[PDB]
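This document opens with one chain alone, in structure tokens, the form deposited without its partner chain.
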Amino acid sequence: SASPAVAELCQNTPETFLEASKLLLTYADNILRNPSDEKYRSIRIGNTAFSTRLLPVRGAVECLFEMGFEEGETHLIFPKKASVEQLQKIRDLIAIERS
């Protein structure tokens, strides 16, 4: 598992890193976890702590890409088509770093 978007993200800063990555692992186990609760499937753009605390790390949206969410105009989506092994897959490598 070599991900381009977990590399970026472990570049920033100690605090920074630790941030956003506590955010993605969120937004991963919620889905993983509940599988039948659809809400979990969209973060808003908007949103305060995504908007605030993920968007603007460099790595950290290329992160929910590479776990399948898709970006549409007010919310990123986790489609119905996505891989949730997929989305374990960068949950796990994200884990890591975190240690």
Given for the second form:
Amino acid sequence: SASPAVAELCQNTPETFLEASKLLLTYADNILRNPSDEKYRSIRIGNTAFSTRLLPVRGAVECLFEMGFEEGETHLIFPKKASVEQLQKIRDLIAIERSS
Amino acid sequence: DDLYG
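The form solved in complex with its partner chain, contrasted with the form deposited without its partner chain above:
Next comes the full complex, this chain leading.
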């Protein structure tokens, strides 16, 4: 498990790292723990939290892409084809760094 | 704080 996105995410300041990694864990966990709830599979690119606290942060959007999200015009979508396994892998990597 | 919509 050697993620370029997670390594980049860890290069942020402690404060920003915490803020962004927290959001990333929530996006992952909501899908992992509610796999039949479609509402957790799409994130609006213009959502205030997402656009201001996640997207501007080096490494963070790439963590979503490595999890399996795809970028549409207005949303990032976790598609039907995407494995929980790859999603879980990135969640686990980020959580280690938050405990670290 | 809504993260989705």
